[PDB]
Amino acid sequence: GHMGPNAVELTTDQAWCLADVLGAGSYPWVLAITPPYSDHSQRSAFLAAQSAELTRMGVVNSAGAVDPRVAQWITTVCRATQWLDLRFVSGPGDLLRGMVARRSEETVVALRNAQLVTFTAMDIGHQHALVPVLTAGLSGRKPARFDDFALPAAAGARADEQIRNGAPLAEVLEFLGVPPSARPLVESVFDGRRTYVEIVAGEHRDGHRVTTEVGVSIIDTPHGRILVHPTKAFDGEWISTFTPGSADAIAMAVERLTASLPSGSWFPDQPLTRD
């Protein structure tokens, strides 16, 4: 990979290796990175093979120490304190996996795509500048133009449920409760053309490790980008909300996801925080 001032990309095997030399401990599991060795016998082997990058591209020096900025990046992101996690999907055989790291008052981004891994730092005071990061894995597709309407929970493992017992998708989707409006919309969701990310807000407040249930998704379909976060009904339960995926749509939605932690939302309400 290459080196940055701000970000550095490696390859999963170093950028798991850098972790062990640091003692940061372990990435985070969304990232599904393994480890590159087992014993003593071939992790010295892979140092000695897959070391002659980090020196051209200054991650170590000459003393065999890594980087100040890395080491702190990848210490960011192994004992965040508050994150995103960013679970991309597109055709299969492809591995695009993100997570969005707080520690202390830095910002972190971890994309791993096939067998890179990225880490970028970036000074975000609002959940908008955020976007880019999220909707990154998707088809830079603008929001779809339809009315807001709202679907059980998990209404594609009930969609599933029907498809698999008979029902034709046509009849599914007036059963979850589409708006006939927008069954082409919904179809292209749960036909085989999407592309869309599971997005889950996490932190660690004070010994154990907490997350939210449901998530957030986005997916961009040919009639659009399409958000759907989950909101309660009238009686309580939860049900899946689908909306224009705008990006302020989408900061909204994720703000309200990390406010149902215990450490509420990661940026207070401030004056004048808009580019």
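Residue numbers count along the first chain shown, from 1. For clarity, a rigid core is taken as the largest C-alpha set superposing within 1.5 Å between two forms. What changes on going to the form deposited in another entry:
- Here the rigid core is superposed between the two forms, and of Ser51, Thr212, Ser246, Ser240 the C-alpha of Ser51 is the only one to shift by 2 Å or more.
- Put the two forms on the same core and the Cα of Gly177 is off by 2 Å or more between the two forms.
- After superposition on the rigid core, the Cα atom of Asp160 is displaced by 2 Å or more between the two forms.
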Second form
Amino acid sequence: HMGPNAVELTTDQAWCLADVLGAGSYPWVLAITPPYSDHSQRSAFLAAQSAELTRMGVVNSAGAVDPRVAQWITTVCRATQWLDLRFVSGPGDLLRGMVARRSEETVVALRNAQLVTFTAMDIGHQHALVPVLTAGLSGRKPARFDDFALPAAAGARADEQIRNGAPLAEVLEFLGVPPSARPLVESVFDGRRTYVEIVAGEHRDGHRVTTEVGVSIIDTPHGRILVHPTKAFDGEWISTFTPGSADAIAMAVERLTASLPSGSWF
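Go ahead and give the structure of the form deposited in another entry, now that the form deposited in one PDB entry is out.
Just the single chain follows, nothing else.
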């Protein structure tokens, strides 16, 4: 449709719109929750919010939601396939995102603190998801190194130990990292680092199905680093660290959705 491709609004306006559409609850990843428990406060909240939206042209004077907005919102709330995005930006603040797909339509939702954006997007365009998947990171170029691997569990134990403030050299000994690899491997644990956790999910046949292990993208002073899972035969998960390029990200996420019963979106 000729026009703006997005709706931008506060979490409260979003919630009021979902409530009025009967769209259902937002996905947990977006973390949009009802402001009040009480019924009168709620009804007032809704009238107010709706007024402001009417003023914003999102809803017409009669009270009917713009059909594109309604479709984007419904696609997010009722989504049959999706990606969940948690961007941990430094300490204390995070960007929350979703790529939702219902009936051939694909909607991106991003939310930060007070604001949420819903925008339609065409996945037909090559690498079209890569700027979304990196939206909340530092803009770092892909690092230069040969691939390495760690047992996923060990990696997690290491991160836990480093947040508890234990010496790096002993943790890198614990992982079995040779002194030669240490400056690189450290960066994955580096104190100033931005990362995003990506998970794929779908629902079919009475089941919500998501990937038990996800994919990570990590901006470090040494560069952009992609981590992706492979299940070993002994039952242990392996994390593989590779440069964070767009090909690498695209492929990794595609494989991620492919591990689900309904497969890729291609």
